[PDB]
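Student: Each chain is listed here by its residues.
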Amino acid sequence: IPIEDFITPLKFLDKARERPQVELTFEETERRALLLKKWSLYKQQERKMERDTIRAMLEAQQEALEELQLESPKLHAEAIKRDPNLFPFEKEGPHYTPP
Amino acid sequence: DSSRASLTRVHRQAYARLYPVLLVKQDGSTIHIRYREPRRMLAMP
Amino acid sequence: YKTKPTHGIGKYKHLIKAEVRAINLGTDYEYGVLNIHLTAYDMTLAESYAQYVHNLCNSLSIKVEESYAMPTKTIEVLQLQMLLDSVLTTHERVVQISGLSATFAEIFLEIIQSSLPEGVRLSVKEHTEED
Amino acid sequence: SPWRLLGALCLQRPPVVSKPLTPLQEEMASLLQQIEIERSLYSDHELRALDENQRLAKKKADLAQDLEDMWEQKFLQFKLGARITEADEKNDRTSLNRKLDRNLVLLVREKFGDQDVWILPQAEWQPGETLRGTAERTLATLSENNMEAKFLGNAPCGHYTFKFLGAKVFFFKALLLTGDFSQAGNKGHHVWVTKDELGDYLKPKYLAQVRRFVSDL
Amino acid sequence: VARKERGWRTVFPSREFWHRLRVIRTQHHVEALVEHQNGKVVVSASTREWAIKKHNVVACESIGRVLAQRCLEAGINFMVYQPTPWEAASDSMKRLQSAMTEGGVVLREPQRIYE
Amino acid sequence: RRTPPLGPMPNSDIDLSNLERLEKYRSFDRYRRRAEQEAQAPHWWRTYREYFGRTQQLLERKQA
RNA sequence: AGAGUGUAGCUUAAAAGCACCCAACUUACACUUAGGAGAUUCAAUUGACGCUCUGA
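Protein chains in written order, with UniProt numbering: chain A, 83 to 181; chain B, 34 to 78; chain C, 48 to 66, 77 to 138, 144 to 193; chain D, 43 to 104, 116 to 217, 227 to 279; chain E, 61 to 115, 121 to 180; chain F, 27 to 79, 99 to 109.
Possibly wrong hints are sitting among the right ones.
Said to hold, decoys possible - Straight-line Cα separation of at most 25 Å, DSS-like style, residue types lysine-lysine; simulated pairs:
{"#": "1", "chain 1": "F", "residue 1": "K107", "chain 2": "C", "residue 2": "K58"}
{"#": "2", "chain 1": "D", "residue 1": "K61", "chain 2": "A", "residue 2": "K130"}
{"#": "3", "chain 1": "D", "residue 1": "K164", "chain 2": "D", "residue 2": "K127"}
{"#": "4", "chain 1": "A", "residue 1": "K120", "chain 2": "F", "residue 2": "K107"}
As the list claims (entries may be wrong) - Quick look at which bits of chain D chain B covers, simulated, 3 or more residues with Cβ under 8 Å:
{"#": "5", "segment": "53 to 66"}
{"#": "6", "segment": "77 to 89"}
{"#": "7", "segment": "120 to 133"}
No wet-lab data here; the hints were simulated from the structure. Yeah, the Cβ is synthetic: ideal placement off N, Cα and C, and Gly gets one too.
Using the sequences and the accompanying hints, generate a full structural model.
Tutor: The following block contains the structure:
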């Protein structure tokens, strides 16, 4: 029974008449656009860092795999046999303060 | 690299103010939650 | 025409595709469509990380079928020490991941555990649910 | 081709505290906060505050303040934990509570006879014993603790070779969930290291490639 | 009086013109060709023309101004510009159309006078 | 009866099974440009075309 | 120490075209629109600075 929460509340539709004003200035908009440019460049650099890291660690994994192939095949069998420990994969993100 | 998912804007058009309240579970840690009636400390028993 | 050497030159249905278990064979390994549940008390951060994992899977060539969600589970819990109310709005972004190998799945799990956001819980499991 | 059998395990510990931000990202956060200010509608607290202020103005012509005050009082009386547990001590490189914003790598010093080598903890896998089980019993033996930790899969991560008869070094990935450590002041010089601490401490190009495939973030 | 190629009804674009204005909005460059029906390009305006490369919406407009001068140069006064609906609605293309119209070129074309 | 083609038939380099892994145009203009290139190609069959139809200066440019 | 060597990520390009990321339409992806970032590694067809592989 899928009950999504995308519906706009009729209470808000009635009492949505309190702050209808939006005012911006020339210098504020210029700083908005320039900071958008710098942030776009920064996220591009961070994405390129992510790409370099993933290709580096994929390269390390594939060279590990090919060295394992040239030394032994049954280790490849048991290694490509994936573990059932991944089935209840339940982990939690970082916090703000230690306990 | 958690700041990408921790930094976002609300894409919808009709919503209330977002208050950075600090939820404290009994584990002894704080977390930034969006809750109305902005109590700064929000403790769980 | 059919007897002419330009037969079949206008074929397109052979180019267009238009018409679950988990296999462990021994040399090709492929999990079924597995659910990630992004449990968060912050809807904006949950949506942002759902979009992050969506574009990560699309860029790393994983077909993403569904990106649905299950909403708020308030629990009416008292602030026992006076009486104080506390409503709870948790939301879980449930996204399907289809294509996984051993090493590539390890890569993807390493990436998401490195990119775990603030106060957001991941839940990787199977599709045996009733939404 | 006599292949000497030698394995290892590259152990990780996931971060706890959030990464401190840069001024540019804090400025972007302020910009998004301004977006939220100018886009939000019908904030319950501020709207009822303005309503009660105008109503008391009318009543004196013809609560939000104390609630904000007690919010401030509980903010001040709530003690916060130590966010940085690194620069307050600056010396204990051994403890598990060393650093919390980035992950840590287990690393150890012990001395052999022929070589005096700084080693990410090795293992001696048997031909019949799998490398997963070798890693489990190796973590059980040389760390003498109770680590309950997740192993991602049987798929390996890093293999390197040295020829003298030759041997190899084999590296997995594993992150800790709960750690019970006993007799931290032990003999085997084990340090939990950062990426730059790795790049400082590591002697060989083998551990340089280890520093390559360890996540930098 | 000359025949326009008045077929091709199920296929985009129409080949009913004497002179088509075609715009190529590629990466780092905006190209603007003015070609006869028979494929043969008549007048070109590139931003990779290594002269206008000095001094993007404004780049598109400048290509429009140089192209309008070159069309008056070559004695071409009427086009059939035909955009896909989205670059019809796009901002830089409206500026390009306006630039050519007050550069001296009409982006319609007279009907063929039969009889 | 049939007849083998007198050359390379179109759409033959990408008759691989992995169409879900091939790039698969999402737009219209990109197909349109590939179609224009195909319309310019030589094409063994029968066509409408058959019937009807220094470094210092670079451095100065970069500085400018 | 030896071999392969060299246009941003990629090219039977020669300073080109595809890729990249950003704001909006999107649950979201995509498309499209506004953008922006980008390379011929240096010294006169050659040598050396840089990567890979083979070594110690």
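Student: Hints first: check each against the structure and report whether it holds.
Tutor: Results for each hint:
1. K107(F) x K58(C): violated (50 Å)
2. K61(D) x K130(A): holds (20 Å)
3. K164(D) x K127(D): violated (54 Å)
4. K120(A) x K107(F): holds (23 Å)
5. 53 to 66: Coverage by chain B holds for the segment 53 to 66 of chain D (3 residues, Cβ < 8 Å).
6. 77 to 89: holds (count 11)
7. 120 to 133: That given contact holds, which follows from 6 residues of the segment 120 to 133 of chain D lying within Cβ reach (below 8 Å) of chain B.
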